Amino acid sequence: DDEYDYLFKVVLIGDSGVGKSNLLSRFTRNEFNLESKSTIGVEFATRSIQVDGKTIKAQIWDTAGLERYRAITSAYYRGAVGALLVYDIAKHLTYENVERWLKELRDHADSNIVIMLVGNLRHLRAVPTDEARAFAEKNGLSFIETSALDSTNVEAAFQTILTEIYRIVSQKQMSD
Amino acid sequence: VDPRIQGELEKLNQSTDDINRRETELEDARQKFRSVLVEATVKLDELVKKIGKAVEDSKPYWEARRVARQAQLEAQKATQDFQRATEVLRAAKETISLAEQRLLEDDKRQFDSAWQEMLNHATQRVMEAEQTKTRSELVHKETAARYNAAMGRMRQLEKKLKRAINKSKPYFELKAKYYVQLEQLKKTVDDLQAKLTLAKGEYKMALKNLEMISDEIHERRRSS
């Protein structure tokens, strides 16, 4: 089943209190049989789509949020072409630490990767959508917020960031 | 703390770039194959249009030439087999007993198998070497006859279709060239495919030993 056209690396970063694994678990086919965050420190999960006639297989490296003994961040961010900065729309500490995670990206990732900011019933609006949208606008990033019951915009988010990455690599290939 | 994670991780995000690179090279090879095949078909077609019907009805001749070349190669291989069979024979006769040699050669009228019980036991290997040699000579002369048949056939067909063949030479020459180029480019495509598959194999392997590390932590934590 290894029939695809491109292989893109996408990292999942952000505050730990957002619970990224449950929005991931719906679309991602985890490749391992046990939790890889407490053991290895990163949880891999692969997703394939089709863009412009070609097949895009992107592998998502998950968390490393327990960065108390993760000197593996150099290899964790290297080679990545996509980055998802996930915060919770019910917490403001996550939205404030978005700057910190962006510092981690600029320090450990490439300067041309595609970054998208994602915002994740009982709690009511802690982060205004317009403020986060303008924040992503001023920082040159994508932006889409989504909950866990109506997971349409997270699928559209995956297709969006992957489509932008394919645009970058195809424009690089068209300058041979 | 943590054991072998970092090295396999680095290997993984390297095999990503290796996979992408091999894939791009493979796709360029496929494109070159496609464009060469298109160019070949249109060029050959226009050469048929400007050459006429000579190419079509001159086709049995070139086929007879193909079967003639095959009969030639098979004939050569059979001659080789005959030669090595002969050397096996004489090297077996090096067990001398020269009287026994010309006892075998002079007449195989009534060999009477009971003589072998009375003389050198190494005559059996000599005799079976003679058998294999005689059969190799049979296939030698047979394939020689096939070669002569194919040769004379293609020549009488040649003299029957002389004008068409000479008028149709450039089409079959150009088609030969395009076929050689096509098989070379297809070889390139196959080799790049093999490199790509190998890279994906390395990726899958690094992933597998990574989840192996995780599973080794499972039983270590299970001890409690």
Given for the second form:
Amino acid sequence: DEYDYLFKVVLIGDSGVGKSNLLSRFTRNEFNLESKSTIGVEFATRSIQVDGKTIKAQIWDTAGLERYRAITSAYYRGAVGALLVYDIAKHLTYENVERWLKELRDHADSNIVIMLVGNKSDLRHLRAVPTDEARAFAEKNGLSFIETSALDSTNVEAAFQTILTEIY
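Given the form solved in complex with its partner chain, state the structure of the form deposited without its partner chain.
Next up is only this chain, free of partner chains and other molecules.
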């Protein structure tokens, strides 16, 4: 509805890390504590301002589990950014970041902007993934890095703003 650029940005990451609530927090300012596996593929949109011009962010979301049906290059097609999300309270979701990176190399453009997102920062007292460690990891792998909380809203706007500005 009037925009200068449409930037496709995808969300990826293990089931349960907060992808769907990052989407809902960013596009509708809504959060649900309930947990429910995402159905098929969804996308939602939000427009923001960058360098005086209007950026329509089209943000895709899908299930992190790829057992019976796996994500294809069509999911990633034309994506200029990826929010690769893990749960700072569940170490396994961070261990699996390498698998997501492999999936991005196989299925996404070699120059996509990748933001590593440590979500659930409000669970800092349950932290399983030290901030400094993830930050260095992002550094070595050519990713941006931010910790967010969809629940209390911390850094959610900043994460999307930053990636869309990096892309711009």
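In this text, the rigid core denotes the largest set of C-alpha atoms whose superposition between the two forms falls within 1.5 Å. Residue numbers count along the first chain shown, from 1.
Problem set entry | Rigid core superposition between the two forms: residue from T129, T39, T55, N139 with Cα shift of 2 Å or more | Between the two forms, the residue that moves is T39.
Exercise. Any CA movement of 2 Å or more for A75 between the two forms, core superposed?
Worked result: The answer is no; the displacement is under 2 Å.
For this session: Spell out whether the Cα of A64 moves at least 2 Å between the two forms when the two forms are superposed on their rigid core.
Result: Superposed on the core, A64 moves its C-alpha 2 Å or more between the two forms.
For this session: Could you check how much the CA of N22 shifts between the two forms after a rigid core fit, in angstrom?
Result: C-alpha shift for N22: 1.9 Å.
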